[PDB]
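Protein chains: 2
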Amino acid sequence: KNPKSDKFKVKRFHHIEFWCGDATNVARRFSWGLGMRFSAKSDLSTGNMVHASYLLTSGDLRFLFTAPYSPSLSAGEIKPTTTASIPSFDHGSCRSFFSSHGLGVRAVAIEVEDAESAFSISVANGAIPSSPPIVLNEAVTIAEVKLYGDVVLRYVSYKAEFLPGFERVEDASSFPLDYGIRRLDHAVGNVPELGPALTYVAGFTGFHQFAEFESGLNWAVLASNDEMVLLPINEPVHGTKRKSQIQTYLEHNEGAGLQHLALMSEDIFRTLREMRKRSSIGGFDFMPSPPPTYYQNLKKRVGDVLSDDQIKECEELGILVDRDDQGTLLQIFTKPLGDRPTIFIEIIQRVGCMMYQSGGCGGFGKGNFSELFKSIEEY
Amino acid sequence: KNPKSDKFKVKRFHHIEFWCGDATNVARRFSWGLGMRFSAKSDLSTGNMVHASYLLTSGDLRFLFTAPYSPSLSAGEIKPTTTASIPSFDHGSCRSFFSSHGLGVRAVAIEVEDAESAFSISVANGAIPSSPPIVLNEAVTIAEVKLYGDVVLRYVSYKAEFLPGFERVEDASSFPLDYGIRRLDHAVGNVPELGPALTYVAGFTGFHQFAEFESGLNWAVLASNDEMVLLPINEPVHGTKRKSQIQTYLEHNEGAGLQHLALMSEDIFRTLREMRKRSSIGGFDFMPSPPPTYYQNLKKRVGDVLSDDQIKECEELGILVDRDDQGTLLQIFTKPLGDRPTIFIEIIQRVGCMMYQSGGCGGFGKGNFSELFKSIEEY
Ligand SMILES: Cc1c(C(=O)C2=C(O)CCCC2=O)ccc2c1c(=O)n(Cc1ccc3ccccc3c1)c(=O)n2C
Ligand SMILES: Cc1c(C(=O)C2=C(O)CCCC2=O)ccc2c1c(=O)n(Cc1ccc3ccccc3c1)c(=O)n2C
Ligand SMILES: [Co+2]
Ligand SMILES: [Co+2]
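Here the protein sequences come in this chain order: A and A'. A prime marks a further copy of an entry chain. Here the first sequence stands for residues 35 to 194, 201 to 253, 262 to 403, 411 to 434, where the numbers follow the entry's author numbering. Here the second sequence stands for residues 35 to 194, 201 to 253, 262 to 403, 411 to 434, where the numbers follow the entry's author numbering.
Just so you know, these hints were derived from the structure itself, not from any lab. Treat each hint with caution, since some may be false.
[Claimed, not checked] When the alpha-carbon atoms are kept at most 25 Å apart in a straight line, the in silico SDA-like pairs for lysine to any residue are as follows:
no., chain 1, residue 1, chain 2, residue 2
1, A, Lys-325, A', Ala-242
2, A, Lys-289, A', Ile-112
3, A', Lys-113, A, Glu-299
4, A', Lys-291, A, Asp-211
5, A', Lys-383, A, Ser-106
6, A, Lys-113, A', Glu-299
7, A', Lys-325, A, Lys-289
8, A', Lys-348, A', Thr-239
9, A', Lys-180, A', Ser-106
[Stated by the list, open to error] These stretches of chain A' come out as covered by chain A in the derived footprint (C-beta under 8 Å, 3 or more residues):
no., segment
10, 169 to 183
11, 213 to 222
[Claimed, not checked] Where chain A' lies over chain A, by a calculated footprint (3+ residues, C-beta under 8 Å):
no., segment
12, 93 to 105
13, 164 to 176
14, 221 to 235
15, 263 to 272
16, 387 to 399
Positions of the beta carbon are idealized from the N, C-alpha and C atoms, including for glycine.
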């Protein structure tokens, strides 16, 4: 059941912004690890004396990496005279965020019809304002409200190239890497209490609970009208045999924040071949692969969707498979992206639900918790 | 003239420690960019609840990358019960360093006969203490004094594997990258006033001025007895046509600090081929190459040392060449390693001065300032 209750017009995920200590090194590591190209910059060379921001793209996926310069470079500026290209940026907020949480997502940005209206409707419906709407070069409007922890939901709307003041990156410095990743499928938060977090976000967005279908967590998924913006939220389950990975996150992160980004691939097998080739030479590592048990049990579950060859290809790459009543999900998880056992990445590809493909086809892997436990015990 | 006045027994450069916001991403970027392998770690997986430290090696070159965890993880510890593997580490100092200076070198570490004695003699001769000698597992002694800015000179001495509490990195996570880099040749500081900086450091080390042979700077080089530890120091020259790059450094760095690390290659042509292949796919960029003028003028200067083929190889890779009365220096400079126009890397190879090769053979490139200016003007 989809009541289609969005309180303003939402289009798609627009970008994810990481707050960094050094944007250059994180951006270069991510570019090589995920096969994303450098497409835009805003930094000293573009006249920005406040922050360094570098944009990576793969398909429609946009990752922005931002770090503060010395405040002394901009000490004479005021907000009317700022050289920052993202006017919500604040030196103190960024340093406090990074010192508190380490490397992680500051902003989940969605494109909307009218960012000013989205901001106003959100705050009228309980959203905690973070940065008021500001029009950039009479062309783009950006506004921010609190999502959870120190993560903001950023609204971006375009009258009619990333943001004003960003310059497209020179061809020589823009190598056309591509491992097949094409868009952000969902962005997941960890919170101490699910109930209040859901009530808050659903309260100011009108996002509805996305219909789905004892190991660590409870969760629910909030979704826009066409279910293309998907925001799952997790809470820990305490008192269990193995300590909840949600609680570990909250401890190492100093509270709520973004847990994982799930990146849709147009060919998950090529993406994982390319990413695993680079794991030990600057890229990303992946979670330990499931026992061959798990793949011996895949035939009975998805043998009508994947061939024996396509299944054996899952086993060599460590890919997980789950299934809805509507579609099939192929998924795999990286190890944490930085020093702390906090944020990680999921690579996914969805099979089925053709009409274009409807959002969330095949779910989020709920059935893979039970399947993995059974495999582990029976090994 | 070498008075051999070291006040304690100095061996070689031991390691360089970067203070980071996220050690993982900087270490992975540097590993791929410079061809250094992951060889040791001290982090949560080794019981260290205080800091994450990752060691990269290439030959005898050791780069250590360190970042703080949340202080909450170790809030119950005191120094007698610390889980830190580097007992000089302090959360507040590290966060203050990184917020002030951005990514950069905290420690220039040299191996000595007796770190306790080196510390005592240094402080008795004017060194400002930073961290007193501490014996690690009855096996290694480490001590630190101030060098310039917030950079420390770290003394390490071994009774008889990097440091106690570090674990060697698993073979699967340790890819044997190697682009030919073999050791640290020199480490260079930028200061506002050369005179007082030289008097201070030479005062507590007994290092002597290394004999050498109007564009931005003045400098001098301090050297150990066998001139294998080489510490040049730069100051700005004000009032010039083009603004001094030393002054730009001091402004963007918030004061004195380490300007460049010069890394000796056993085959600079292979190193630069490998590094330039990776510039746009996560590695390091290089300064703009000199005009072909410069290479047209190389024949008259070093045609007795390099063949026409070896010279043309310099031109395609952008390598600079200078010459002493004793030897020849091949050198090239990266663009800044991170967001700020502060620290960068030099790759070098030295030809001549055979006896082993004596330290500093061919100088530091003093003659390349005049040669580059002449080339530029005449283009
Ligand atoms: C992150 C994720 C999802 C996922 O995407 C997701 C959504 O999008 C929204 C709903 C909530 C949710 O979870 C699905 C399945 C997953 C994992 C995962 O992270 N893991 C790794 C793991 C799980 C427990 C652990 C407990 C202790 C120690 C390590 C552990 C590692 C899995 O095994 N499955 C099977
Ligand atoms: C860093 C270095 C060295 C070097 O190693 C070194 C030592 O070890 C100790 C003695 C002091 C010293 O310098 C040698 C030559 C160099 C450079 C360099 O950095 N550069 C790049 C540049 C120079 C001016 C600029 C002025 C304005 C704007 C950009 C500029 C870029 C060079 O051209 N030469 C020719
Ligand atoms: Co997911
Ligand atoms: Co040098």
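Of the numbered hints stated previously, which ones are contradicted by the structure, given in increasing order?
-> Hints 1, 2, 4, 7, 8, 9, 10, 13, 14 and 15 are the ones this structure does not satisfy, whereas the remaining hints hold.
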